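Okay, here we've got a single chain as structure tokens, the form solved without the named molecule, with questions on binding and movement later.
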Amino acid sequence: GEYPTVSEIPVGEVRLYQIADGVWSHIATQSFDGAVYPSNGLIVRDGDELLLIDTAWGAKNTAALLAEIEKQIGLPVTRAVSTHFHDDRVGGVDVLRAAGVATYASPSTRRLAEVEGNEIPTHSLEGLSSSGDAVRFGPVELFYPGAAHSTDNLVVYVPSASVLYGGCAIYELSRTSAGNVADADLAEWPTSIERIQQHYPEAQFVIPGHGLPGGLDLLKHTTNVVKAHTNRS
């Protein structure tokens, strides 16, 4: 009802939606395969500065993201984390770096991003290489649930607000079929999701990579969709 949709967001623009105190999602609309969809990332306040989760796909959009943050929040983004290596999550990293933002990702993501020719976050996030690994990063906890949408995908939990951002490892309810699974691990995706359920059973707000937020139901929904795809179809 209040959450921004593609109808409110022209391609190239960015909206912010405050989930809780000091926690926002940033929403940007992207063109793909001739379709337009809303892409989610996360913003989390940390003291008097901001932690960014994922870009807005590309230089232009990521510049628009920084401008929307300054307009609505007005605190500096000092650090940024990319949840996996695909261009829509690391695209814009160069703009962030040039603006003075410290960019972060796992060695797995940086590795894969380089092979793909994508932009590469400067700093490496250690202690996330094994499935089930969790590390604290300021106002959030980074978690590697195992392979799913990609072998390197991370999810982000904000303990102060009980917010779980799943990136493309989590589907919105409106998504009834599998998205881009070229780099996915269909055999492991359900198991990885269950690691998330087990580790964050208290989560109250779940943010999918694309589309509308919900509750923990989005996990079982995603599993249902992934399994249906596996059985083809």
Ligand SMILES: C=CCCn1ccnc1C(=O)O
Second form
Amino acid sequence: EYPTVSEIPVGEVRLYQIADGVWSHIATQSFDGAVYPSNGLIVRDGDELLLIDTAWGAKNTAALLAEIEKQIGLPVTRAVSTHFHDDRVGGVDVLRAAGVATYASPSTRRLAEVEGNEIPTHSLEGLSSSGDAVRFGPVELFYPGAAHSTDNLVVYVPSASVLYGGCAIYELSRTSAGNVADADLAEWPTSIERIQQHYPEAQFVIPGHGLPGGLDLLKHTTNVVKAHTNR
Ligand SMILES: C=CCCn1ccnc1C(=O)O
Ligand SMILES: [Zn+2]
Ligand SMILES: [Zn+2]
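Can you switch from the form solved without the named molecule and show the form solved in complex with the named molecule instead?
Let us now look at the entire complex, which starts with that chain.
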């Protein structure tokens, strides 16, 4: 059963097996007076592991590495952050100190710097225009266009039909847009349509926060975003 926010004290990390060689990682963090859960991805990359997103902060990210070593025991050699916010790059300095090569798009690295957040070392090329896709070991990285943020990426694991939507996709139980200070509300529905067109075969869909689902999370997220733009 997927771990929930109340089951994970801040500072601890759970791993959840989605498919052979594919895990989500789940952590919790305080934000604006409440504690929220947050998802990332782990994908077997031959004899190594590819990490998608930090565990939201230095301490959580150190716990993530310890849990990976305990439960999987292969080295995390590369990490990708899917946009510039702290639940995605917070902990990049810990990853770097542990030996992990960290990556993000040029826009993400730039927006991280402007924001005063941690900055992944390496720039991912080939993702500057809406609809661009690139291979990165066992996954495909896809820029769908502005949505939750202007730089947000999604990730697909072909071997298992796993779509990691990051913060551009809401879980089913989330019905209000909440915080969207960096969102492009006008573009978010269009960006989600590009995701649907490009990954019509996705069997598992992982939002940035909360419970995994299927392709219904896309239509669900457009409803929430549109309802919010109405007023
Ligand atoms: C989990 C929602 C609270 C707001 N929030 C905090 C961190 N990330 C987000 C997001 O909206 O994606
Ligand atoms: Zn964000
Ligand atoms: Zn987020």
